[PDB]
Amino acid sequence: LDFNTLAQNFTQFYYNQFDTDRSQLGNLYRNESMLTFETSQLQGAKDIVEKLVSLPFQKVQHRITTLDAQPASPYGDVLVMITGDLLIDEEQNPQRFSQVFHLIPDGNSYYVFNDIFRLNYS
Amino acid sequence: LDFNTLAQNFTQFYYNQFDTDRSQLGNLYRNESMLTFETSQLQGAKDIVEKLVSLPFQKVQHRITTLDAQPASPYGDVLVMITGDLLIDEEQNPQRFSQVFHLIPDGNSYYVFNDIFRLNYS
Amino acid sequence: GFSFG
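Protein chains in written order, with the entry's author numbering: chain A, 3 to 124; chain B, 3 to 124; chain E, 42 to 46.
No lab work stands behind these hints, which were simulated from the structure alone.
Each hint should be verified, as a subset may be incorrect.
Listed below are several chain A residues computed to face chain E (Cβ distance under 8 angstroms; list not exhaustive) [unchecked claim]:
(1) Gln72
(2) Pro73
(3) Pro76
Here are the simulated distance ranges between beta carbons [claimed, not checked]:
(4) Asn95/A / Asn95/B: 17 to 27 angstroms
(5) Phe59/B / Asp23/A: 40 to 50 angstroms
(6) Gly78/B / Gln43/A: 12 to 22 angstroms
(7) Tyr77/A / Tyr113/B: 14 to 24 angstroms
(8) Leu121/A / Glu93/B: 22 to 32 angstroms
(9) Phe59/B / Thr68/A: 13 to 23 angstroms
(10) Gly109/A / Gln14/B: 36 to 46 angstroms
(11) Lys53/A / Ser111/B: 25 to 35 angstroms
(12) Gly109/A / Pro58/B: 39 to 49 angstroms
Ideal placement from N, C-alpha and C gives every residue a C-beta, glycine not left out.
The following block holds chain A by itself, in its conformation from the complex:
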């Protein structure tokens, strides 16, 4: 029902896990899942997690500045758009990022069907 609160909860969980240990984000993806990480296009939990784990940073922190959500159809799926700051390692100046997730209700929870991520430069 409350797709706004749903989005808040899911995104918070997702980024918390990403910032803690991204190698464990696998259960949030499925075989059909697709990730467009800037110029990299991956499909399936294995390849998607592999790409995220390959990012060479030791520490990362996501700071959400905007979050929006709308039902993606009348059948329970949700579209979530996020914009925010990404702090990499000990860098003081954050990078701007934008991300969209298409969440599918997995029985009593959700998994990511679409994941599109981009760093935005001035």
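We have chain A; now place chains B and E onto it with these hints.
This is chains B and E only, laid out in the frame that chain A set:
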């Protein structure tokens, strides 16, 4: 790509119409379509266009920086995320934005089901 | 305030 080219084709059409006369965008939305513009929520072509028309500026031009698309499901719909610049009143200083569209097939074109818009300070 | 029928 294919989905990027398919998405781009439509997005260019959409912005071309937005930039020439946003009051004529009604045909690209349907009764169940939703718009979330800087938190403002509207549903239906009538209310959506009213909002866009109400935006406080005479002239506007969209400059696309990045555009990424993926099939939103196995059945034909498309998800596209865009980041670009909004040039209003012929001013040089750009107003950056991020936008997501969930496009549904309609003949050889599409209509917008989900539209999420956010200014993205540069 | 987003509904479907």
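Going through the hints against the structure:
Contact between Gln72/A and chain E, as hinted, is supported at the beta carbon level, the nearest pair being about 6 angstroms apart and thus within 8 angstroms. For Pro73/A, the interface hint holds, the least distance from its beta-carbon to any beta-carbon of chain E being 6 angstroms, beneath 8 angstroms. For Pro76/A, the suggested interface contact is upheld, since its CB lies about 4 angstroms from the closest CB of chain E, less than 8 angstroms. Checking the proposed 17 to 27 angstroms range against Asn95/A and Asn95/B shows it holds: the Cβ atoms sit about 22 angstroms from each other.
For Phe59/B and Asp23/A, the Cβ-Cβ distance of about 46 angstroms falls inside the hinted range of 40 to 50 angstroms, so the restraint holds. Separated by about 19 angstroms at the C-beta atoms, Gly78/B and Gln43/A satisfy the suggested range of 12 to 22 angstroms. Checked against the hint of 14 to 24 angstroms, the C-beta distance between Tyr77/A and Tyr113/B comes to roughly 18 angstroms, which is consistent with it. Between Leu121/A and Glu93/B the beta carbons are some 26 angstroms apart, a value that agrees with the proposed interval 22 to 32 angstroms.
The hinted range of 13 to 23 angstroms is satisfied by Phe59/B and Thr68/A, whose Cβ atoms lie roughly 21 angstroms apart. Between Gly109/A and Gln14/B, the C-beta spacing of about 40 angstroms keeps the proposed range 36 to 46 angstroms intact. In this structure the hint that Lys53/A and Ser111/B lie 25 to 35 angstroms apart at CB holds, the actual value being about 33 angstroms. Taking the beta carbon of each, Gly109/A and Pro58/B are about 46 angstroms apart, inside 39 to 49 angstroms as hinted.
Hint violations for this structure: none, all hints satisfied.
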